[PDB]
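Excluded from the complex is one protein chain; the other protein chains are retained at their positions.
All chains are identified by letter, namely A, B and C, in their written order; residue positions are counted from 1 within each chain.
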Amino acid sequence: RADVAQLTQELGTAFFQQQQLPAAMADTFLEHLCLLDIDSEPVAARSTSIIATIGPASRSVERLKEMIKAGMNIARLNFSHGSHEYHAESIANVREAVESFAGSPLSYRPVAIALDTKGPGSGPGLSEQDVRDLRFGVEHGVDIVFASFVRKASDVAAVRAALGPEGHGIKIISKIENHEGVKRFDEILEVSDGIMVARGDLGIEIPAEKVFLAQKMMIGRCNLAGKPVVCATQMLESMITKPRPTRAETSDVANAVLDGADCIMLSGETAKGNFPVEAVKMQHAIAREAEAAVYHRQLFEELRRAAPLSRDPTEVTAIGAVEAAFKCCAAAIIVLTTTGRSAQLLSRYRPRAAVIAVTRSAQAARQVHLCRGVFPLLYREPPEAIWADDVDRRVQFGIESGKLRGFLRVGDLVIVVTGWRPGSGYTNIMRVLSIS
Amino acid sequence: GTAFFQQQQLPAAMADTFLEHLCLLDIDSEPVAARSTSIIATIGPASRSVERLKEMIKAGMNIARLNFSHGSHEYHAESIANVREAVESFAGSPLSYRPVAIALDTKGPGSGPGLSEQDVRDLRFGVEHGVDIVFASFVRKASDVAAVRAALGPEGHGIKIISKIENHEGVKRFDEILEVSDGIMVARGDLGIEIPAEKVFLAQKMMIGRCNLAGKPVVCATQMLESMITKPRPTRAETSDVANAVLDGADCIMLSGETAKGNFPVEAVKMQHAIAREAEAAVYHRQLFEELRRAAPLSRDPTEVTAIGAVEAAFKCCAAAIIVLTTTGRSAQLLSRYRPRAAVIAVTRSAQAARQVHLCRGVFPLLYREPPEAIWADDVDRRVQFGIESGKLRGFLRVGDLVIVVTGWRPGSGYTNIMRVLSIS
Amino acid sequence: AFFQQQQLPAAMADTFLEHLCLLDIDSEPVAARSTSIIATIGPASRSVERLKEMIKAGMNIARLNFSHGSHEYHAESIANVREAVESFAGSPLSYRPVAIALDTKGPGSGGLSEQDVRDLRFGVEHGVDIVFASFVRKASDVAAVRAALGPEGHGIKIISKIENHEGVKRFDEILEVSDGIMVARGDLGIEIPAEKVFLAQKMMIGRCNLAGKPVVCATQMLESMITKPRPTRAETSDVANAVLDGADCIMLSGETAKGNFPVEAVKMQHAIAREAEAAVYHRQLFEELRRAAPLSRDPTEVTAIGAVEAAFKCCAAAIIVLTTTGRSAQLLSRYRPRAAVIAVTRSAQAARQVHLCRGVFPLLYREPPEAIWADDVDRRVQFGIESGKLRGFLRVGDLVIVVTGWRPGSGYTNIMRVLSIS
Partner (left out) sequence: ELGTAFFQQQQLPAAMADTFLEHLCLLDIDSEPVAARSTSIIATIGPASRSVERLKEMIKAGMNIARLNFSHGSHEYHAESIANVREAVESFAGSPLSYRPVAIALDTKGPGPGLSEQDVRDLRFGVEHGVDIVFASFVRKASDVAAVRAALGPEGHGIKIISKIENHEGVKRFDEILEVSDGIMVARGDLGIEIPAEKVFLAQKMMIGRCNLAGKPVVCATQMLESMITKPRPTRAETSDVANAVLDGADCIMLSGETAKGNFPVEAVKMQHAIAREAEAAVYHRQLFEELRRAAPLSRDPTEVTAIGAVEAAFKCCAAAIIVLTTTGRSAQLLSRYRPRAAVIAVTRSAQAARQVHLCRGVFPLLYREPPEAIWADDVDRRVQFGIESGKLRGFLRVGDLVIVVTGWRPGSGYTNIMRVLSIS
């Protein structure tokens, strides 16, 4: 009790009963489980991003506005079906729906566009259709590529080459779908930006009863590497026809979040199903409950112990900031980022505090949805003459936007992460600020 | 040998952190141990045939559930007769005979405040037909359990009562319910309609953790392989759900419509068997055993003291099994609560105890039918030899394996106090 | 080569047993000695020439035992210590602040005695930094010492000496109102059974470490060195184990006050302390200290834990902190970082007093204030870095953690920065 007594007196007992905080303070994993409480309500914003596949059930601008409101963060275009003309219209409709909320900069939500490739088929590597589809992706400014049937490091090098010199900023998420991809996982992860556990094909390529082992291992290795991992396929399958999911489906979504997935996905549930918006709402509801049930006490200790020593100041600042956020139960960590990297390094330590990422890059704002707990804020104001004033204005934008979006209140403590000079790669400062 | 240490997720078992444990899980590391989590299959039109019941026993069914929400007493008496005929068709080979428990699942209170009149009549039918277990529907408080116990009468004192937690009140009054029950069922069907669907996993994980702390059986139930009612293969969420219920700590997993009315009852049992075996090997025993030991209170009961010593000894030598003699099942239950990797082979003369111990994870019951030897120590040795010979035939044991043998100092229940390290010859 | 020094193989061990098995007599210490040495001043160590050698040997705090000697005798001891200290001020690098501590005679058969009231008044008038209060039995004893120091002695640190059964039993209430504790083993070993003193020592050190308050281990640590040039095997073991237990300071009494080898006794404590500090099992220690320290909304407390976590992540050579009272350095010290805590301060008294906290290396800044406050902060940080390089704490390519505040005055530390040296 002494470790939380003064803060319980200051913040109140009501604060410490919410968001599974009694289970979070437990000394063992067994006690953590025993203290999980269905009456302990989640308070934090939902941190695991939702990827929704766009199809006939979710293609209209009106339907896409409801999906964005329900929680969709990434729109997936499955290039296994449909023409380039069909996908270009889907992209235009997503952008029209997203930009319909841009009139209010303090609330606008960026939505990433991901292109999922058809795959190699019977071939040994990059197919001719994939080369044409990847060129379409670059020409239409997609943010992410979900590369199908990645079996080795040379497969991701071929995808990177097909994106050309103009597609250097596109994130490549390698889909692991067969035995070879699982066995060569380390070499694939090393050259990829992240991984997708593509359970549909994986469950037919390897015994169905072994898929959970591959999922848990790949999520663990991605968490260790600090790279995004997506759990995909049949998560809420019965909602293609029914308005409510099965008990196994809610369990599956909760367990993917507890395992450590940065993103969760919907395929037929949103592409062709009867209830696309309800499927997004269900993933949102479960993910929020599961995030609060994470046992941060052991998780943070293990992430620190396993993460190798680092001389990179962004990495050093990130661990200091996450430690500081846990010490004061900070509502948020506000970070300035150009590429998203400083926010990704905070996310890898799995803070309970929201990572509010302020950026001028529209593409980085879309791409950071791949990292658990990163909430992108697109800053549109022109630069101040004095760089230090421009930094301060962006920090104040994060604080004000946070206070006007549900994140912060007067008296809260916030951790602020910034750098010593302009340009990417120089994050080195952590500050503790009291919200006024 | 190096081959031994590559199987049953042993590289992941030796990891220093849970994160490293996850990183070392290997799809090529094959399970070797017998499947420890019992399978409960609900009986119905798809699984009432005596021939179909034989295939379900072979597939891995350990407990047959009779759902009294449907069907008359005459229907349920025929289901019981059919199950017993199928089970006893294998009695001619005592070394491979598999006991199968019969569980009666009550209709419930309905709109009433407590034990309904139909439940009183159904519980009396259960006692008259010798059922082993009662799955009591909609248990909301300790007095509900007392009412079930009273309705079983003086002849049903040995029947196990597993309380079904199906609503908010049952979750909130969980501790008082568990204290007077033999175990719990996380009845997710009704629970998922009584409380928000997105909160069921919290109730499941909490109840399994509390049952594991108490050393009492816990069952995970409903929609685990739902799509297999009409499809030959389950969804990715369904295999994940079964694996995660085992990893959470469930002693039993259940099939309802999948075996009672579906077109793939045998395949649904085979699928639960396959997933449970993989998940049991992926349990992180290093932290689990440390936490169970630390949370279990100090005890002056010799059965409890012997049980923790035997589990510790089994881990030290990678014992293939812990062979235990038991009259009521209690000595096997106390070994099971520490979650040994070694199979707990329980030798008993009680047909009812042999059926009931399927409620405890990792207990493999063997029904001993031979009349007693005149010298008690020789009778004890003959039962231990029966455990060994049954284990060899079934694949649990081989020549050269080490086993831990748990027995007592006098006949009768309650006197377990001896642990012995034995080499299989 | 880096990973073979300072017991780093033993530091990376997964269990305390493996940590012990990996301790290596060939693994040389590299870090600066963190546990301060308190030397009692007497006839063997009173001359200016002897005091210069004691400062060079490692003495950080000079103890004046008011159980013997007149006020005139102690005033001369103080003047000699200050003269020896300022003789190195010509070349600040060898300049090291030395605290002056007054150890009271005690209550005797009486609370606060009349002689103690007069001696505490003398302490305030002569600007002593610390009071070692004898025979503290309860919180009201500390309040009486505080009252006797008056309004001019508010800044003096009170270290309560626990010397009997009552002091041990009422430890929590005494620690709550004290700045720190001294395990006064001489009287403790006669007041309670001799075989129980180690229990009282280990308990008091553990509770002081939990509270983040300084604790001193004292008496008969190197006793045989009063007449012999080398200590016994039990004496070297005792010094090493006091450091391993968690003592912030170790002390010499007769060994330096009247013995034949005062300088050698200081050199021996320095040598043992450096070896013992490298043998600390930081892997479990940091985890336990980090878990036990309560959650806090105080920005200095929040910044301190963030800075120590950052230092461990990059094997930082030092944490440079700006401090007025020493508090920001004390909050970093409580987490027992392997990185040296280099404390830059303008307060000469704070520079002397921070020797009470393990691993705090004070640097006295004496330059005029810059017109722009941000530039004055930058100049002090640069002074910490350049002094760190000159003194051997830092080298090109090292990473340092820098801890500062958002406005002038004590209590506003809230910033941690990661900096690469040259």
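One rule holds for everything that comes next: a residue touches a chain if its C-beta (ideal position, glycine included) is under 8 Å from a C-beta of that chain, and two chains touch if they have at least 3 such contacts.
Touched by the hidden chain within the whole complex are the displayed chains B, C. Interface note for the absent chain: among C:110, C:150, C:206 or C:392, the touching residue is C:206. Between the chain not shown and the residues C:145, C:276 or C:302, the one that touches is C:276.
Considering the whole complex, the residue from C:93, C:292 or C:374 that touches the absent chain is C:292.
Chain C residues in contact with the hidden partner, per the touch definition given at the top, are 15-26, 165, 168-169, 185-186, 189, 192-203, 205-207, 209-210, 219-224, 230-242, 245, 268, 271-272, 274-276, 279, 284, 288-289, 291-292. By the touch rule set out above, chain B reaches the unshown chain at residues 290, 298-300, 302, 304-306, 308-310, 312-313, 316-318, 402, 404, 409, 417-423.
Going forward, only the chains that are shown with their structure count from here on.
Interface comparison, A-B versus A-C: the higher count of C-beta contacts falls to A-B.
Note: centroid distance chain B to chain C, computed from Cα atoms, is 60 Å. Computed from the mean C-alpha positions, the centre of chain A lies at a distance of 39 Å from the centre of chain B.
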